[PDB]
Amino acid sequence: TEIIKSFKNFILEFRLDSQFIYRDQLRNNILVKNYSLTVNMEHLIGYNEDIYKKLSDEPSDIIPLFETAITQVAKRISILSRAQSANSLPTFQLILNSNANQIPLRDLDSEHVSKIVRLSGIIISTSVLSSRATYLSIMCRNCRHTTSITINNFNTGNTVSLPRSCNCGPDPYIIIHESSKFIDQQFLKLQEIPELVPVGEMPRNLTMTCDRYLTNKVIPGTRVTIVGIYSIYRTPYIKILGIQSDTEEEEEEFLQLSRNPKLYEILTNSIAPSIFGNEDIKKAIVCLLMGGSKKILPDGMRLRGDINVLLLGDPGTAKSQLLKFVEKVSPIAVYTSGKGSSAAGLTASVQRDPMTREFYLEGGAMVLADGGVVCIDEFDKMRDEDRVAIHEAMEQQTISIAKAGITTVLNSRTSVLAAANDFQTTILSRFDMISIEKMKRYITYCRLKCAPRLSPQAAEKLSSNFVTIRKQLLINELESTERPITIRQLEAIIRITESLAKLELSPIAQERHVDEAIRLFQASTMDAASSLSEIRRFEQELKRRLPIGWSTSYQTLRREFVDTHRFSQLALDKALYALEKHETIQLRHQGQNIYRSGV
Amino acid sequence: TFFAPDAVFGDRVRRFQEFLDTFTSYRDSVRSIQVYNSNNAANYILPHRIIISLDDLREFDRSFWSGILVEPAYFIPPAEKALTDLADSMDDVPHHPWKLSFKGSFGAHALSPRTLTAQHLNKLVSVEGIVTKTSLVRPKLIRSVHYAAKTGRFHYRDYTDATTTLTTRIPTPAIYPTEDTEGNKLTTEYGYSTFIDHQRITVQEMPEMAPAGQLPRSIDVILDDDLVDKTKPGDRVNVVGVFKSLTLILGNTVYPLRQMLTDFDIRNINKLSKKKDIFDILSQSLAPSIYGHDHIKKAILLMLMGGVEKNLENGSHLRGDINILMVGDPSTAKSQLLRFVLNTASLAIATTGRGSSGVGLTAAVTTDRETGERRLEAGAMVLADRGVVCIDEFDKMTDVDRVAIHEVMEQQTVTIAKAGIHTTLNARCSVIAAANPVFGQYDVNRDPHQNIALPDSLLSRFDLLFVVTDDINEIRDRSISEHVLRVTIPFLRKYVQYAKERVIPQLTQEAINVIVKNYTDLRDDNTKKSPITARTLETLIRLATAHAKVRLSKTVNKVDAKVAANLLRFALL
Amino acid sequence: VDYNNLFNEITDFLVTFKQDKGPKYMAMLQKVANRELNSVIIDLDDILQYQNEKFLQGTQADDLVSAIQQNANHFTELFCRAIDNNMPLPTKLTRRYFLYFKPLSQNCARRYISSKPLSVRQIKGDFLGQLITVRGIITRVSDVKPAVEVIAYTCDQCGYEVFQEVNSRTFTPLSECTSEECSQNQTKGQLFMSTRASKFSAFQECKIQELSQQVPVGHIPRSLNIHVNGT
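Here the protein sequences line up with chains A, B and C, keeping their order.
For the record, in the first sequence the residue sitting at position 561 is 1308 according to this note's numbering, with numbers rising by one throughout.
For the record, in the second sequence the residue sitting at position 188 is 378 according to this note's numbering, with numbers rising by one throughout.
For the record, in the third sequence the residue sitting at position 48 is 1102 according to this note's numbering, with numbers rising by one throughout.
Calculated directly from the structure, the hints in this document are not laboratory data.
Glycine residues also receive a C-beta, built at the ideal position from the N, C-alpha and C atoms.
A couple of the hints might just be wrong.
Not the full set, but computed from the structure, chain B residues with beta-carbon under 10 Å of chain C [said to hold, decoys possible]: (1) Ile223; (2) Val225; (3) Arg343; (4) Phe385.
Next comes chain A alone, as it looks inside the complex:
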């Protein structure tokens, strides 16, 4: 009762910036009927030392007393506000967030059980929004007697249980389904950050119970900081009571290392300890972390800053060894592979909660990499249900999902660093290129602090380079080589220059970065470099040769083109796919028949 008056004095007497922060928030939440309020732990430890230590030691018996004091002052607020202009009040659930400590998942021990606990992680699953009760009328089936039972904060050997007796014998009770209140609840799963998890074992997880006011406030796959009670059901579980989400010598030595003029060069002499050669691959790998200049234009049509890099070659040459260094170096990155992996998947997986076979989702490396890069191996082994998602996310950053009940557009600031060994257009068009703690700290400070730009003095060299490459590769392109040159590659060149000028922590760009950028781009163009006739062939063939097409299929073209020495299977199926695709609906028809009719 004294704690009731203390919490009421804390609500109606706390001042910050010459104003109350809880009274107006309670009035605004009562006026929209939200039945919740945000309290901070720092304000109550600055107000009273008789509250926080008892809340940290015994939260389960002091928290509903605070809750009933909140409803007691809320009833007065409601009756004085309803009488001004234009009964039954539920128990107001409180949410409480703080940032005083962030303990890891490996520091959880046998000590401090059922206490307050605050930690970060990645929500993998929040599939079920099940139902419980908060007030229920119960009746008997034998002596016609009824009553009711109320619960407020306790939502497997717990308080909730029906009475065995009111003779009527054991269990004569029937729940009056016509007069009750339903309290939605959720079962969620949380795991630790996979960028900092030991290599010998997979990351462990934890189960948590989510109440009513914070239901469906967390999308699975983000950096979520959860504060609650570490309770035991032996097995541990978390009762959520609050939710939120996203050394000077280090900066001194980083500023001393930033003043070195051969810094880029030693960085490259440091990312390759045993890799012989490939300086242009190493500079493109180290320049594809941040991306480019993110600019928020006032018209709303902003530009993308991140880029794409692709590794290709024979097995070996650290195609999967440099990826471990980019997994352990970058701020947010998770190692995965093509078509998922063993009990983990890059694509948004979906499977059965084994309790009573529920459908729910498994976040891969695509939702968990919000604001960073993604890194995969074996690009040739991709499923068709994940290729469309990565096809849209590599150029639009957004991943859309829609299935029974869940429809969402996930933001995926995810650059790709893939390795490999209709696929031709997605390889050649969607890809632009074909201490350690102090370095990571400088990378995070540069990604959050600066927003560079470009000078026209260094942009005229880019314009002259574009004019010369368009005037020089047109000789190879009008000569029917059919391989390209776009403005997207020019925008990628601009993003590469922004990343190279951003690494020295400068908002301006000069010719010093563009002379390395054109040298970085020329290796990608050298790797990339190494209709009237085809349609005359195909069309004249169909038209003037076999209108039924029968007898004229893959054999006969194989003969003609074989005997005309112009056939390549890729070229054959290319002209053909062009014909079905130009909707020669005769070519549609022949495909339907003669193709696997064969000749």
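Position chains B and C against the provided structure of chain A, taking the given hints into account.
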């Protein structure tokens, strides 16, 4: 019923009788219901419900209003008992229940279904949105009549639901009887046995009021016999029911049926209404990250503002929507323009054109074990009914969706007949298609018909076909790098919606003759480069109207037909 | 609604008809006693004329046409026993005939409603149990198949053959003996089925479709199922 009524029922039934004696608007309405039923019986029906205006209930009784708003399980019952007693007292001929309905403002009880949570369970909820599924109509069992044949007489035992009660009474089952007393087989009769039909529909939030980017939350409505013929998918609806949790709503009232405007913004759009330089700077101000293509975004500006949607008397409606197809080399910003038109329109739905789980965008069939039946899922085009939809990679889209957009183009609707249902939906939307050639690249010397990889009927369906060339030229390509290396967003939205809501343009004689001259001069292109159809006549004035409503004039002008002919010369030649 | 006087009205109607040999219903019973026909057709026009004859003589009518129209499944099992109470002797489970009905036309309706041409969109739901006259095209028909009505079981131990009545689409075999001799016995001997003493019926399903000009604007012509039996 069997229990004795207390004063808690008698006081509420006399208060509803005093409210009905004060307001005769429901008494003469139920007398009209009875005289209409008597006239139809004399010739040989209405589903026995009276909508109650809630505005007369607030000033008459505050406590009764508060009791209806916080306890309808204890307040609705006695009001319908008073209505059945008033129906028995108002009629004096010889010889069924009566229900109620509400309307009007609710205050904080009127809310979005995504904000609908575990609070205010027993209280009645008014919630608007869009329906996704409408189940099959199913009759239930109540009062079967059995005939015992050896002694020859009738028996009857009735059943009770556990939802249609809005309150409390003892609940228990009963075996469907197969043997009367002592023991002799007895037969069923369904001639007189009532089969009250029920329905189970699903409704989620509207895409314009919801914070788009999130997931939609849907709820289930259990429907009685009376209102089973007024629900169909694809329409905006507002349901009024009770959030019962045995979680669903017992829908009793269904009504089938966005930036704020100040007085300072209307002065700015009235100031910008008479200058003859407005159109070019408004077309140039939509996307500054894309160099060039002024006439294409001029048509995109005329496209997102709309048409007129003329509905003819006693005949079919006329298409007001415009459709645009854009082709060319894949080097430019065709995939970057869809994000701008998705983020800057009133409401827009973008799809990839390949990857739809159903049969396409419009709908899909599903099986549910709840009802043990088959329900309908609405994937896309049926959600946006007045906005715009964007389909990139048009050549990868299969023939099923092509047959669907062949039918919904000028038709401006759709129809479906499936196992257990037959219906037609209305959806006047505008399509923005973006395609790529099958050869990968295209130049002027190649023919402009086979490079498109689409049938001639789809060329006739789409109104404006925009070809974007990208041959390497050293003169024009010098400033793209400095332009991308270097009026507003909340103003044009208010401009477009005020033009869409207030001004409707009409034709004049000054703009009929020049468009007649242009259509007869092109019907040249048939011998030189492109076929001209009759549908194009309609699209040649739609755009004019567009320009005339861009300037928000009450009627069209000759310059609107001139700028439509200029857009035609750029998109055709 | 009473059955004790309406059954007397039903059994008084078939013996007092002179409006349309002689007493035609007794002649039809003589014809079914001569074993030449198996179908019985009952019209409401004779019912209306008998009601007019009973009403003009000052007697109580006790209306049949307002009672035949609702719950005809009870009436086809109730009036059948009234036909079964009186039969003439032949000169040349035990149902030799098949009972069927037909409604009155509009010409007998204007000359002193129950038979209106109904659509399948004009069904409303609440007409489940009224006699309805539907107009439409027929697209789907099925083959004639024998559906059982009562299953006959025979025993060699007692001799009392039992008969069970099925109503649904499926059923279960009654392997346990429910006779009047096996109840007072330790032995509960095997039972067999008879496909000859069991009564069958020529069942056929059909799909009626909605008429083309009777469908509304934009709607599609949905179907409905009709289950026919007998002749």
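query = Holds or violated: is the Cβ of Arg343 of chain B closer than 10 Å to a Cβ in chain C?
reply = Since the shortest Cβ distance to chain C is 6 Å, the answer is holds.
ask   = Close enough to count: is the Cβ of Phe385 of chain B nearer than 10 Å to one in chain C?
value = holds (4 Å)
task = May I ask you to test the interface hint for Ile223 of chain B with respect to chain C, counting a Cβ-Cβ separation under 10 Å as satisfied?
result = violated (17 Å)
request  = Hold the hint about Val225 of chain B up to the distance rule: shortest CB distance to chain C must be less than 10 Å.
outcome  = violated (20 Å)
Violated hints, in rising order: 1, 2; the structure is consistent with all others.
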